[PDB]
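Asker: Here are the chains, one letter per residue:
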Amino acid sequence: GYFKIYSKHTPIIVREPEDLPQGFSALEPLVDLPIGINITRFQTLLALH
Amino acid sequence: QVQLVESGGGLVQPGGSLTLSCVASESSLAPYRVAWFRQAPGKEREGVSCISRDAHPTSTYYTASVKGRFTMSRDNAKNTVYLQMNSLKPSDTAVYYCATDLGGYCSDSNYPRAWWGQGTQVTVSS
Amino acid sequence: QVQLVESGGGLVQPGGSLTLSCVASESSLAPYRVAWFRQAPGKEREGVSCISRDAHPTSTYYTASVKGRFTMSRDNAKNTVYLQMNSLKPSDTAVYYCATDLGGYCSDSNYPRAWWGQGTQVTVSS
Amino acid sequence: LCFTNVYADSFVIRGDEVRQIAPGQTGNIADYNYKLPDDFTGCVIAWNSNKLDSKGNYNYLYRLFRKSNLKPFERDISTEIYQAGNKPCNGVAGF
Amino acid sequence: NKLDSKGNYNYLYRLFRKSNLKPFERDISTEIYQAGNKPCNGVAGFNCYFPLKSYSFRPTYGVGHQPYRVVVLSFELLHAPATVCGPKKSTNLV
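Residue numbers (the entry's author numbering), protein chains in the order written: chain B, 194 to 242; chain E, 2 to 127; chain D, 2 to 127; chain C, 387 to 441, 444 to 483; chain A, 436 to 441, 444 to 531.
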């Protein structure tokens with residue numbers, strides 16, 4: 194019955210759409226949720242007008 | 002504060018039957034003894050029968066004149082006593098009262114005498 | 002869950018006759034004791050009659066005001082009880098209710114108070 | 387079995403109220419004179435004394453009129469005439 | 436009762454309905470009970486009465502039947518993060 198969210202942002206300057214940068218990073222918690230529903234699938238959205 | 006209502010009396014021929022009803026209100030008669038009384042005009046009050054709160058025949062009493070002809074029965078489930086009154090004689094003509102007190106058991110010499118109803122007239126004649 | 006529906010009431014001149022019917026639904030009134038009520042405006046609910054499981058005259062009783070005038074009958078086949086009343090008096094006017102409970106046997110005064118019908122109006126006047 | 391503080395009582399019994407002196411019932415003499423607590427301790431003890439005690445002798449007269457029923461751990465030693473009416477009962481017997 | 440009662446039949450209670458209550462249900466279907474083979478459409482009929490009836494808010498019934506405010510609160514203990522509760526270990530301060 195919990196949801197933990199960890200996130201961070203860093204600049205990359207160079208795009209290089211080949212692979213993720215080789216760098217250590219610690220994702221701090223951002224928010225926690227008390228809901229206890231069952232989740233089995235992932236879907237996302239896009240911004241297209 | 003308990004109120005008793007006697008009913009069921011009326012005119013009957015000798016040898017007939019009747020059933021007297023002593024309706025109790027504002028209280029429960031279950032844990033208290035209930036007795037029936039009758040008075041003829043000119044004659045004082047005399048007991049008729051008494052039933053204890055347990056309603057056993059050994060705790061139920063009848064006077065000599067009514068033994069074997071009157072039947073004393075109480076319904077502690079619904080707070081009322083009844084005198085089943087058979088094989089009538091003219092000598093049974095009187096106003097029948099039911100009485101109760103805080104006592105729990107009758108005796109052959111002690112009947113409840115605290116609270117009384119208005120009484121009902123029983124007449125045995127032609 | 003038993004639902005009672007009284008009917009048969011209406012305007013009847015003094016001395017007339019009427020027959021009330023308490024039709025039950027969702028349950029069978031046969032194994033349970035059923036009673037009739039009446040309530041005039043201003044006055045509290047008062048009993049009228051009751052018929053038991055055995056449907057016997059010794060278990061079928063009536064209040065003093067209706068003894069000798071109101072008659073009881075039940076027909077378990079159609080699941081209804083009747084109030085047969087004759088020699089109607091102006092004092093007999095009231096809203097007549099039928100009541101039932103899990104009890105089986107009736108007495109003079111205390112009647113079932115678990116389930117009630119909507120009631121029927123009986124008016125005795127010109 | 388070991389026990390302490392065993393108290394004794396003496397009370398005249400007709401014979402048919404022994405089943406009722408126990409809690410849950412009240413006898414002919416246990417309604418106004420004798421009693422037991424809600425959960426009585428000890429055991430019921432009785433023997434036959436009708437042959438020698440009876441000759444009658446109204447010294448052990450059981451109380452019949454009193455104010456109310458019995459409460460646990462009480463003594464019925466007050467000999468007052470029951471007041472069942474508004475009129476005071478002083479002046480020996482009355483209606 | 437002193438403030439709610441003035444009667445006001447607005448908070449009418451259902452009397453005629455299909456059956457008894459099952460746990461976690463709402464009684465919002467204002468349907469007339471059908472106790473006969475004939476359909477109950479066409480307003481009132483025999484053996485079929487509307488559930489709406491007066492529930493004694495009249496000033497005559499002062500001591501009795503007057504509204505008494507009763508509320509029941511459902512409590513869940515040690516099922517989800519306690520949102521109305523105390524705090525969690527935070528050592529000394531003096």
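What the hints contain is simulated information worked out from the structure, not anything from laboratory work.
Check before you lean on any hint, since a few could be wrong.
To be verified - With a straight-line cut-off of 25 Å between C-alpha atoms, the simulated BS3-like cross-links for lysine-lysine are:
1. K421/C - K455/C
2. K475/C - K455/C
3. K459/A - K441/A
4. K475/A - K197/B
5. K79/D - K79/E
6. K197/B - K525/A
7. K475/A - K44/D
8. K44/D - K525/A
9. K459/C - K421/C
10. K68/E - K68/D
11. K79/D - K455/A
12. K44/E - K79/E
13. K90/E - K44/E
14. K44/E - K475/C
15. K90/E - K68/D
16. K79/D - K526/A
Asker: If a hint holds in the structure, say so; if it does not, say that too.
Answerer: Hint check results:
| no. | hint | result |
| --- | --- | --- |
| 1 | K421/C - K455/C | holds (16 Å) |
| 2 | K475/C - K455/C | holds (16 Å) |
| 3 | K459/A - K441/A | violated (33 Å) |
| 4 | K475/A - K197/B | violated (60 Å) |
| 5 | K79/D - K79/E | violated (29 Å) |
| 6 | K197/B - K525/A | holds (19 Å) |
| 7 | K475/A - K44/D | violated (37 Å) |
| 8 | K44/D - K525/A | violated (64 Å) |
| 9 | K459/C - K421/C | holds (8 Å) |
| 10 | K68/E - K68/D | violated (29 Å) |
| 11 | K79/D - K455/A | holds (22 Å) |
| 12 | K44/E - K79/E | violated (33 Å) |
| 13 | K90/E - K44/E | holds (17 Å) |
| 14 | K44/E - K475/C | holds (24 Å) |
| 15 | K90/E - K68/D | holds (24 Å) |
| 16 | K79/D - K526/A | violated (72 Å) |
Checked against the numbered hints listed earlier, the structure breaks hints 3, 4, 5, 7, 8, 10, 12, 16; every other hint is satisfied.
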